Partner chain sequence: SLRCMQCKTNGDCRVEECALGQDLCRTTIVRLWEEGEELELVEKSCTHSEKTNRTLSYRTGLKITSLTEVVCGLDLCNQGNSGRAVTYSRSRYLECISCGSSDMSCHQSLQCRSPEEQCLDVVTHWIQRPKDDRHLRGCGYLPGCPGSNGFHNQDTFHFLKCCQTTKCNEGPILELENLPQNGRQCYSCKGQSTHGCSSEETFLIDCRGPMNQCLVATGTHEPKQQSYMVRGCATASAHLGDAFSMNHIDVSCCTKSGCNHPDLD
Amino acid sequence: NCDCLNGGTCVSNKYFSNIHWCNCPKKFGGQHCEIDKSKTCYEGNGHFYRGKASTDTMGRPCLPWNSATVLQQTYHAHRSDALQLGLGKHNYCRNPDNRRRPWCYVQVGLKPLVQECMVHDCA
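Coordinates for the sequence given above, by itself, in the form deposited without its partner chain:
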C-alpha cells in the first residue's frame, strides 16, 4: 500500500515489482503511519489526535472501533473514511465529529456510550 500519513514516504519494495510500503518517521507506526506512538496529549480539540490513549475520564477502557457493537454505531473502523478519521483495529481515543476533546465508545451497562477520554490537553 501507499496513502502514507504523518510525514511517511511511500517507498517501492526492494524485491517485488509494483509493491510499495510506508516508511514512517520514528514517532509513527502502522501500515499508513496512522498511529502516533509517542504523543501523550492532544492539541486544540484533538480533532487530529492519533495517539494511544484508550481510557475514559471515569477510568473505563474504550471499546475497540472494530468491535461488533461499535460497528453498529455512527463512528467505526469499517467506514469508508475510517483511515482519515483514525478509526482502526484499536480502542484509541479519537474525535471524528469535532467535539471539544477526544472520546471513545464505552460499554455502560447495556449500551455503548460516547465518553470523553482521560488524555490531557498539551496546554
Contents of the next structure:
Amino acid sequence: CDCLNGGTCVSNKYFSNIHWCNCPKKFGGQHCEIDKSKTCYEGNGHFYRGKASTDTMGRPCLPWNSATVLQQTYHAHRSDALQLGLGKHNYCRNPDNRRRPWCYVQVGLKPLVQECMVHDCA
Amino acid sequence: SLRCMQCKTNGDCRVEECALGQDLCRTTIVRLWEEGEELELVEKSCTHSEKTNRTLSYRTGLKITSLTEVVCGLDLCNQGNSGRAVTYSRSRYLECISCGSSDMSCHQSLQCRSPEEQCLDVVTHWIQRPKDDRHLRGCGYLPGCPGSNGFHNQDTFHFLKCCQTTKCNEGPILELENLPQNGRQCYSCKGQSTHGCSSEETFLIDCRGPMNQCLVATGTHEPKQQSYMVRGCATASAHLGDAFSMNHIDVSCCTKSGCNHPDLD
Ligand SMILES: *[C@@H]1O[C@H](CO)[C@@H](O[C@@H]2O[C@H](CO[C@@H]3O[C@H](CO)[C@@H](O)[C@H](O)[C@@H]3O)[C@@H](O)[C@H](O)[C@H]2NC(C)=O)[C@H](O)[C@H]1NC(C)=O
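Could the form deposited with its partner chain bound be given as well, to go with the form deposited without its partner chain?
Okay, now the whole complex, with that chain kicking things off.
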C-alpha cells in the first residue's frame, strides 16, 4: 500500500478494490509523505517533505503533476516519485541534491527552477 | 462485448473490453476530507452484474471519509464528471451517529447529505495488505438496506445494520462474544471444495444472537477467480457477497442444527 510514517492501509468490502491510507495526526498526502508540521529543512533539503510552495520572488510553485512539470526531468509520474517526494502538490523538494529545496515556476513561458524561501533549521 | 474505462487510482486510464459475465462498468471514489483540504482517489473498471449504486460516509475526528460507487451498463458510461447529478436540499437532513476503528473512535454525529441514505453500523471482523475497518458508523446506502444482516463462522463475523430513524445506529459497539448463545449449531468452513471445505475440515460452531440460519454459499473469490465455498451461521443473508468479495454467487439457508453438512450438499 505504501503508507509511510506509521500510516496504515485501509479498504472497504462494499467498494471494490479501493485502498488508501490512514495517516497519523500530523502527516498528510495519499501516502502520508507530507510532513504537515516541518517549517525548515535539515542539510540540503534532500529529505525535506514540508508544505512550502512559494519561491524567492513570492511566486507559487507549479504542481509536480502539471502538464508542464511532466516534461521536466523531475515530476510526479516518475517510477520513484514517492521516494523523491514529488506528488500531486506543489511543495518544494530537492530531488537532485542541490544546496536548498526548490520547485519549477512559471516564469514567463518557461518552467524555471527556483529555490524556495524556507531556510535551514540552523 | 461491452467496453469500459479502466483507471488505476493514479489517473492512468485506458479502454477496457469487458470479460464475459461483466455487464457493468463502474466508478469507485473515496473522498478523504480533512480541514478545508481534500484528497480524492478515483478507480474505474468493468464489474459484475450484481453490483449496485452505493454510498458510505463516516467521521473520524475532524476527518470525513466518503466512499461512493456508481454502476452503469453502456459503452464508456464510466467516463462522466461535469454534467452534474442531483443537487439536494432538505429542511431536516437525517442525522446518524458516526465513528471508525481507524482512530479507535468506535462518538461524533453526522448529517446525511441525501434522502436515500440511512444510518449505518458495519462490523467486519477478521476477514481480508489492506484491511477493512473493524467498526464503522455513518450515513449511506448499501445492499442490506434497509434492515440488518449478519454472518459469522470460525474465521469471520460480518454485520450490517441499516436504518432510517434519527440517530438510530447508536448503541454499544457490537462485539461477537456479547451475543447470547443462539441455541442453534451449524457448520463452518472456507476455501476450496475438497481443499478447505471438505467433510472433515468443517465442524459445528455454536451460533450467536440473530444468526440462526445455517448457510452454505458458493461462488468465485480470488487470488485468480477459483470456485469458493463458505459455511456458517446467518440471519437474512443472498446478494450480500461483497462481504466476501465473492461473485457469481448462490447462497442457501436452512433452519435445523447441522443442516448445512457438506454431505447434505
Ligand atoms: C446508478 O447510477 C447511475 C448514474 O446515476 C444510473 O444510470 C443512469 O440512468 C439513466 C437512465 O435513463 C436513460 O437515459 C438515457 C440517456 O443516456 C436514455 O437512453 C433513456 O432516456 C433512459 O431512460 C441515464 O440517463 C443516466 O445517464 C445513467 N447514468 C449513466 C452515466 O450511464 C443508474 O440507473 C443508477 N441505478 C441503477 C438502478 O443502476
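Between two forms, the rigid core is the largest collection of C-alphas that superpose within 1.5 Å. Residue numbers count along the first chain shown, from 1.
Taking the list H76, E34, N95, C62 and the motion between the two forms, the hinge point where C-alphas stop fitting one rigid part best and start fitting the other is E34. Rigid-body analysis of C-alpha superpositions between the two forms gives a rotation of the smaller part of 27 degrees. Here the two forms are laid over each other by their core, and the C-alpha of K27 is off by 2.7 Å between the two forms.
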